[PDB]
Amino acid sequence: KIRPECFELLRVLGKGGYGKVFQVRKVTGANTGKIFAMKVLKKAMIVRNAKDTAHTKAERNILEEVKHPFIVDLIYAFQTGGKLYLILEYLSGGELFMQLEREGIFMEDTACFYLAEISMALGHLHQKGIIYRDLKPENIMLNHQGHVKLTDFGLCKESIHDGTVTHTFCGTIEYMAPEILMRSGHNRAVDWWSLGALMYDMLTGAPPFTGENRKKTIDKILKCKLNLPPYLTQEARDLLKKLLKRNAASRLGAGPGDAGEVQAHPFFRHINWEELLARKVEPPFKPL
């Protein structure tokens, strides 16, 4: 039986309205000294709300079922009378957000690497019927080697919330597909839109539809009038056009082929998917 006492707390990694994440090491037994991130949620913050409760369960079920290098690993999960615990792998490589800040613009080959790894994560989730929605730089962490890990499948991580009913829009909404902001119904095609907004951000320095404020930004995303700057490679331009389509069903990846359709695009012509998935490819950025 794994218990909170099995872990020594080393620092606070983050906190919000529902709980905290601690860095921990295992105190005794197997992997005595192995470092983890420990997410601790307060049941009382959650159990009163049918939505947040379902959301919580969904997180654990997803992270329990997922077995994939480019998605954050769930090692143990247990609960006490008042708290839910998730022992996760610790991601030392920080945020991809912190990488875009330094670089400003990624070189094509660097963007291509990350977009490729993310696409395999998305393919993994989608064949499981899971829709990410929240693809954005703050959500993409790196492990110690420098590979991608998708995070944030659970309760809202923000300190400032949008409205009093939902947490769907609390983050930046710059990478979110128009049909979600439209509430016109959506499916896995939103992740391929988001992949495009992220790709655009990597290669231009800012997401494709940003305005002076939030309302102006939403208006731009909805209007969806894409201007591709002339310095983008022919391959990136072509992929960006096909990802950032307002009509969901027309997006690359929206087809029955999903991630395979996107991975087959010339923008990824140099990618060896077998060696990428097996983490044999050297990352452009190396934290340690």
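Positions refer to the first chain, counted from 1. Take the two forms, superpose them, and find the largest set of C-alpha atoms that agree within 1.5 Å; that set is the rigid core. First, how it differs from the form deposited in another entry.
Summarising the superposition on the core between these two forms, the listed residues 241, 60, 223, 68 contain exactly one with a Cα shift of 2 Å or larger, 60. With the core held fixed, residue 256 shows a CA shift below 2 Å between these two forms.
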Contents of the next structure:
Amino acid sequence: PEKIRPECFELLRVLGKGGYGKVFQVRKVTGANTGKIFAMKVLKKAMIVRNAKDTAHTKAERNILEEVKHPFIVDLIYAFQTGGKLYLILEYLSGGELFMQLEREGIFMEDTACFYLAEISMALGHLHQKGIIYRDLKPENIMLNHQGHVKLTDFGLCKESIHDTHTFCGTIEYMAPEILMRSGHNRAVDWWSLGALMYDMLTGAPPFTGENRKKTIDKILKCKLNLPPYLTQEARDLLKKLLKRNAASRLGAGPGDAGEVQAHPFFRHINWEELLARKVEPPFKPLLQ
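Can I have the other form now, the form deposited in another entry, not the form deposited in one PDB entry?
Keep in mind that what follows is only the chain, not its partners or any molecules around it.
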């Protein structure tokens, strides 16, 4: 049996740092996967007990996450606790954030947006089946692997550096009204957020923005959707079906879940079997760019 220790990993570079802890790119230097590169998160258990909402919740989420096998969800490989720290060993993802692609491109062609949103919808469908709600599809929460395919990566504890309960840490621009109102929610919040992300991809900004936090929340709650005249009929129709205040009435909120969204005419050109098999050419290939 292999004894996993922090000493099994050499540190290569820092990928992130915050109040809860720190993320490293690492190389495993002993055991079966000697030489393989991973992402290693190191969380301060002392900090976790302090800043929290429900550790049982986030623990259960990571418990499920560890067992998930899906091409568009991050692989949480090992998890162990020694010292006063929690170590999470994940697959290393070299393609950067979807945020970075949007920053570069300004806005996406509809075919580009369609590709990413399609892969994301399959990840969401799988998550819901396994009992996970993603909550927040801000483009920083979606990474790309070396090929340019989506990996959902933001689970469990709040990874923000500047905090605020952790609902309002970081941008709330992609989160459903009922999360912000703390009025109770379910997987329908994910289809809202997919819509907010789609809107950002196609127009350059999330749907509801304010000069400050208070005004932004007010706009999200009012949910007065402004549909740009320059987007296709299919894009506008999907957006109006996702970005609805009535959570129950969102496309995807019914019993078919992701199947409802995937059937929409906006995705008419997607071959879902090829997409899942990652046989569809991504719009952007990190290794080549």
